[PDB]
Each structure stands twice: as structure tokens, then as C-alpha cells.
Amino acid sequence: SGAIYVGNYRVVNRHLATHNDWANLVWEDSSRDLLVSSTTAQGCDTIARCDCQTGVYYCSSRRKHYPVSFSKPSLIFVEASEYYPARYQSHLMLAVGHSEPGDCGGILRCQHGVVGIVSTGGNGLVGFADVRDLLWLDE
């Protein structure tokens, strides 16, 4: 679990969005595993606007943060789960590190701010859904 709170927006993994997220829907993209909903209270998270390929993410299944080197956002094949059939997930970044299904939502940050959230994993890999291209989150 986990979310990004920026301005009047909440960013979550689409497969973990609640009834309240869907009732306050702003934008969603199944191919990216993202959903953004509106909030009443103001969020203070900062979104990175950069091309960093190193950062630190929070891993809830280890109660720890880990430093990572990650690939640029790209179209990556992801195996079927109870939430999606096997498909290409877009805007996904991979890195070597621990991740289990419950780790989805953990934030990846660089020195500029939030880069993305955990979305995939297994086999000693962790995949992050990028949010740096969503410029409208800042306005």
C-alpha cells in the first residue's frame, strides 16, 4: 500500500484504488497501473522533474529503504495476476531489489522529489510506475 499526495491530488496504484478514489476520479490508465483522485486537504509531496536513474525506495515487506539504479520508463511485459491479464505495462522502470505484491505503493525518490511508486516485482526485481511525465499534478 501507499500513495503520493501532491496539491489536491492523490496518486495510487490503479489496482489498489478504493471506492472513494473512483468516486473522486481525475485520471486513470490501466496500461500504467495508475489512478489519480482529488482530495480536499492539500498535499505537500514534491514530484521530481528530471531524468535521474538512481534513487531510494521504501520496501514495506522489509520495513526498509533501499538505494537503486533503475531503467528509463518503458513498455515492459508483466505476467498475469488477479488484477490484470499478462500485458505490456507502459511507463515502467525496473531495478534490482526486493518487492512482493503488498509492496505496491512504496515511493521511489531521487534528490528532486518523488519519481514513482512500486507497481511490479518478483525474482529479485522491483518495478516502479513513473509519475515524472504527469506535469499537470503541479497545477
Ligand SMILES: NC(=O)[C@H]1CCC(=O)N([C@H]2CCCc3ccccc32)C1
Given for the second form:
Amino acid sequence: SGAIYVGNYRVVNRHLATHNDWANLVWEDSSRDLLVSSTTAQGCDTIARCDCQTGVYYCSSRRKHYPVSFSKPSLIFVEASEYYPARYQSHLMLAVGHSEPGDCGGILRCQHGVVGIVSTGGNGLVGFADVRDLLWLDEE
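Instead of the form solved in complex with the named molecule shown above, give the structure for the form deposited without the named molecule, please.
Partners and other molecules omitted; one chain follows.
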């Protein structure tokens, strides 16, 4: 589990979005495994605006943050998981690291702020859903 709280926005994994998220929808993409809902209180997180390929991510199944190198966001085939079938996921970054289903929503951060959240795992990789490209999460 986990979310990004930027301005009046909650960024979550689409597959973990609640009824309240859906009832306060601002934007979803099922190929990006992202959903954004509106908040009443403002959030503490800053979104990275950069093309960094190094950062640190939180792994709840280890209670540990790991420094990782990761690929640039791309369209990638993902094998079946407990929460999605085998499918193409867009805007996905991969690193060598530990990721189980419940690690989804852990932040990846670089020197510039929040890069994305854990979205995939298995076979010794962790996959992150990029948010740097959503410039609107930092704007009105």
C-alpha cells in the first residue's frame, strides 16, 4: 500500500483505489496502473521534474529503503501477478530489487522529489509507475 500526496491530489495504484477515490476521481489509466483523486487537506510530497535514473525506493516487505538504478519510463510486458493478468503496462520503470504485491505504493524518490510508486514485481525486478510526466499535480 501507499500514496503520493501532492497539493490537493492523492496518487494511488489504480488496482488499490478505494470507493472514496472513485467518488472523487480526477484521472485514471489502467495501462499506467495509476488513479488520482481529490483531497481536502494539502499534501507534504514534491514531484520530481527530471530524467534521473538513480533514486531510493521503499520496500514494505523488507521494512527497508534501497538505492536503485532504474530504466526510463517505457511500454513493458509484465507477467501475471495476484492483481493483474499478463499485460503491457505503460510509463513503467524497472530496477533490480525486491517487490511483492503489497509493496505497491512505496515511493521511489530522487534528489528532485517523488519519481513514482511501486507497481510491479517478480523475477528479482521492481517496477515503478512514473508520475514526473503529470505536470498538473503541481499546478492550481
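For clarity, a rigid core is taken as the largest C-alpha set superposing within 1.5 Å between two forms. Residue numbers count along the first chain shown, from 1. Shifts are known only where both forms have a C-alpha.
Rigid-core-referenced C-alpha movement of 2 Å or more between these two forms, selected from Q111, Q42, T54, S81
Comparing both forms, the shifted residue turns out to be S81.
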